[PDB]
There are 2 protein chains.
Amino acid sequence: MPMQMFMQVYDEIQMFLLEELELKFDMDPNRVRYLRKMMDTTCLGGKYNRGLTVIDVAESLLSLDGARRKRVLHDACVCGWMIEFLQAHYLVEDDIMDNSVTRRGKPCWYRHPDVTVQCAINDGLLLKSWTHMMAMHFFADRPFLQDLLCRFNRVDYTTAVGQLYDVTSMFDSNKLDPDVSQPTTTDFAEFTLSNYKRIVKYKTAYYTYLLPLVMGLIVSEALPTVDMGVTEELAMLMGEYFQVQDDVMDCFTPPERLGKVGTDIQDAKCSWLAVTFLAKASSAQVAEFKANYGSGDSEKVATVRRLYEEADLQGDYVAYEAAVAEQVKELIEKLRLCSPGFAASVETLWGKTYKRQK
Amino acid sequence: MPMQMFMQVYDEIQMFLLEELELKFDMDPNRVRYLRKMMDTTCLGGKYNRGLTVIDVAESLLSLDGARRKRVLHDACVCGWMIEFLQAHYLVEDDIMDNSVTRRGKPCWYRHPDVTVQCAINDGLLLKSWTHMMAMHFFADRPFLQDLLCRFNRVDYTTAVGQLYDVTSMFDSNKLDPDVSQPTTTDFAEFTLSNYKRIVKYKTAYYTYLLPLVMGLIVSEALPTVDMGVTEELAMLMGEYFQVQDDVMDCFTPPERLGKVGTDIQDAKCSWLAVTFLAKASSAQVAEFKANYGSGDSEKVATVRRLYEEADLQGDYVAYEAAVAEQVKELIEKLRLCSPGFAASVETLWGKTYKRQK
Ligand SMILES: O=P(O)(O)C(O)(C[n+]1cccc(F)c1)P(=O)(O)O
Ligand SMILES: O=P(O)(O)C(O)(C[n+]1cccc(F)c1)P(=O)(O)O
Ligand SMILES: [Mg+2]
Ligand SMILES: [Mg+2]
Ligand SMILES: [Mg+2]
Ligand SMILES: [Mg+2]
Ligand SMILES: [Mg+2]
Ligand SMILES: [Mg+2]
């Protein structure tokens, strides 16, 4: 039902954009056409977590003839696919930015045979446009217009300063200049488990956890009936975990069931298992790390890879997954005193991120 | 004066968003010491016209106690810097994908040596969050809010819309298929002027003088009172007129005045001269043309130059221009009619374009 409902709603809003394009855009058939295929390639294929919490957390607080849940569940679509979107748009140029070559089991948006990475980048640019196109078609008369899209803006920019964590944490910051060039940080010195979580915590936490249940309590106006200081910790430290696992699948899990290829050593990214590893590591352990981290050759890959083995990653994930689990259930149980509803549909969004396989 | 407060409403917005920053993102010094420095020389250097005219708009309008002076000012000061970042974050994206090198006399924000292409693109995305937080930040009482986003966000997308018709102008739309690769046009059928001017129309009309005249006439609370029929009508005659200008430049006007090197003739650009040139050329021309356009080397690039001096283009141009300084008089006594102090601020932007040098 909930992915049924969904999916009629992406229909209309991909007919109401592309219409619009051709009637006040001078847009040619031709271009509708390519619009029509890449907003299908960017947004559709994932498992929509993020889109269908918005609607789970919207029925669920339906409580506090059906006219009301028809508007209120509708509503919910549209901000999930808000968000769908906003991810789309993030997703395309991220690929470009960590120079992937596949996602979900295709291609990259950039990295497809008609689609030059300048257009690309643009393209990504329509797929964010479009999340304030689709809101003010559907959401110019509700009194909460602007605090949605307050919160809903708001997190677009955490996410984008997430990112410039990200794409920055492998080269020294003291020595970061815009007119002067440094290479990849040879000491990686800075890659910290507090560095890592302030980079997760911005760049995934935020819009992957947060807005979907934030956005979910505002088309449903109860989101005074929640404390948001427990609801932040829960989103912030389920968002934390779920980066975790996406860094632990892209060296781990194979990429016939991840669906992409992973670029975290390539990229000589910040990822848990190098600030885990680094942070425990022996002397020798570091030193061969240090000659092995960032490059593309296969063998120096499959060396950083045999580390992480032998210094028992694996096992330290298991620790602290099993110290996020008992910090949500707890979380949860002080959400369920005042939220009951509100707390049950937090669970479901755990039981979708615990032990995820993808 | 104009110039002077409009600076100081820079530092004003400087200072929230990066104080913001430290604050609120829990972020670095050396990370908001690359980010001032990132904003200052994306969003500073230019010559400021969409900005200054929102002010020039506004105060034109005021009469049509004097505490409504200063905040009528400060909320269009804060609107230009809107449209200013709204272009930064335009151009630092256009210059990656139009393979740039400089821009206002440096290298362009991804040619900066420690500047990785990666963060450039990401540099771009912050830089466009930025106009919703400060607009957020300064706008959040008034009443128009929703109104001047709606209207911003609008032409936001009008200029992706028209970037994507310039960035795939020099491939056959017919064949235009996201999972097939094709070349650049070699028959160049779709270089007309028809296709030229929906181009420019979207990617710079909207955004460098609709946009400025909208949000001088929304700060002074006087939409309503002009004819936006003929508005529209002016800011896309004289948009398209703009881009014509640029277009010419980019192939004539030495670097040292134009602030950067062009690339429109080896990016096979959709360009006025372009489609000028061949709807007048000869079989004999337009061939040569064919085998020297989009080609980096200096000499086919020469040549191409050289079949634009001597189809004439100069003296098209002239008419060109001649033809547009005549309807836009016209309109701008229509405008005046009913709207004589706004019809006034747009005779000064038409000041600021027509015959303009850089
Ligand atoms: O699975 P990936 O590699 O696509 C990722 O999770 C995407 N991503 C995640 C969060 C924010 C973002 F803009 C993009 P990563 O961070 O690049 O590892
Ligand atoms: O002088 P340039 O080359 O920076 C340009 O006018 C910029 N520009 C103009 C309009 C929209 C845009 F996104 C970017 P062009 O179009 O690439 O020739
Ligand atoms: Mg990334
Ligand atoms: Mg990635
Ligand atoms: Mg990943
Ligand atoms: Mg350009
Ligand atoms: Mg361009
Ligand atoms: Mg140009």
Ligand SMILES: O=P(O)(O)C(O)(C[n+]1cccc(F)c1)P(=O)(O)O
Contents of the next structure:
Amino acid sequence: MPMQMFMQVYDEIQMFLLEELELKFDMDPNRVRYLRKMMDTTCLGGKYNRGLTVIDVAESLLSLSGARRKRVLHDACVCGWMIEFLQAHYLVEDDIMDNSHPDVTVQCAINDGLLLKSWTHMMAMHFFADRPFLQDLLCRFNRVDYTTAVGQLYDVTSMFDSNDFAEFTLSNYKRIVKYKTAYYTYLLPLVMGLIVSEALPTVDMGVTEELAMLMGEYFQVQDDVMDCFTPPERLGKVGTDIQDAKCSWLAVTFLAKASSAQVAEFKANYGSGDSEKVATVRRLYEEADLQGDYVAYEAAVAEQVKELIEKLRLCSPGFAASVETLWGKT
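Having looked at the form deposited with the ligand bound, could you now put up the form deposited without the ligand?
Keep in mind that what follows is only the chain, not its partners or any molecules around it.
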């Protein structure tokens, strides 16, 4: 039912956006069908975990506060697609960075990214035109864009000096995870579920933001390990954190328990595309028993998650049930 309702609202949102382009933006049918195909290609096919979370939080809050039910669930679907469309946007953005007479393909790719971003605003300004939370919803969506852009600056410049392994620390790793993933992957769907449920002031934002920290930290540590050791066919992509010299969990944990000679060998091989240099970094990670610390680190973070849900349970019981479901997905 939640997935079935989520897909029906997609056709409703798609038909509005495309008809609006045809009726108000003077768009020819060729470009309309081109945009329908590009919208289906970039927005569909995922798991919709962050779009379905908005629905699960909304339905968990109407069970413990007829016509208002259909409105909140429909608003939560439009909100869920704002998140999926936003993720569809960055999916195309994650291709412009590793792809390179004007090139029309690069021009169309940049344009697709701009359209996917604008569609989130257009669907919100339409379906929420008479909602009292429209202004607050647009403001919180601008803040998550700023947070993500700031998180990218931290992630990209973690090995240089913005006009180098000094920033390869555990607190700076948390800072990157906080602004690049945690606030984006987990806080955004939960907060918007509270907005459409009119139960935003009924929850502790500090406890909610802290839950997103640990859940985003748990997920990013797992991603960093899989990016290094999981083979490409089983991971779904080619792990390149070592070649790109990313400030990963494996890097900052290794630099803490390694000898001076091992750090010198790490610094000499980290950040290169050579096959044996990357293999040298994997050997240094293996010999340092990092996968033993990975189990203890993930268990300790999970312990903090299971206990923080109960603090939020005391004031918002229905909200905590939906956070337990999202936490199960990670």
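Residue numbers count along the first chain shown, from 1. Rigid core (definition): largest C-alpha set, two forms, superposition within 1.5 Å.
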query	finding
Rigid core superposition between these two forms: residue from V275, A120, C251, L234 with Cα shift of 2 Å or more	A120
C-alpha of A343 off by 2 Å or more between these two forms on rigid core	no
Threshold 2 Å Cα movement between these two forms for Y34, core superposed	yes
Rigid-core frame, C-alpha of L217, shift of 2 angstroms or more between these two forms	no
